[PDB]
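A lone chain, given as structure tokens: the form solved without the ligand.
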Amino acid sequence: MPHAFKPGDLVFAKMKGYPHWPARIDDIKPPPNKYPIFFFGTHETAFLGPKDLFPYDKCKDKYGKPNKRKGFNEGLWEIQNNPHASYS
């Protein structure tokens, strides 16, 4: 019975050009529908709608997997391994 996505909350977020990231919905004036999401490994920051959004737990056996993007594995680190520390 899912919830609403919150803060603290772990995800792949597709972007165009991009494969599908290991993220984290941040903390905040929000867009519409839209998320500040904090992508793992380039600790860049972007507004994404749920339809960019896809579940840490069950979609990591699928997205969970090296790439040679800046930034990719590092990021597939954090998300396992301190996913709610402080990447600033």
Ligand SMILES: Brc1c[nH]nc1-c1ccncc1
The other form holds:
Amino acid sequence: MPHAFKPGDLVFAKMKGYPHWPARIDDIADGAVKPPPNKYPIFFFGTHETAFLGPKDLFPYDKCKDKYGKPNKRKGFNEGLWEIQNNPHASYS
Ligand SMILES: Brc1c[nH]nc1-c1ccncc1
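Return the form deposited with the ligand bound of this protein as a structure block, the form solved without the ligand having already been given.
First the chain shown before, then all remaining chains and molecules of the complex.
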């Protein structure tokens, strides 16, 4: 039964103008910028960009991969598909 989102959870994250994108709930490093209240730091695979999102835009990866996990022409998307499937918890800095 679902819990709240926690660092390390794998998701598809929805941003305006982008398809649902392979992503993870990031950790917040010591001394790093914290997200606004009720928002999570979302690390987008492939592009390696971060955005702050609420749960309305976060879809669990295992439940939605058959819907959202197909190749896409957008820059970084297919690289992101490889990352979320093959090394989702690695450091991509
Ligand atoms: Br959606 C997506 C995939 N990679 N990066 C993004 C993104 C776009 C804009 N602001 C933050 C993150």
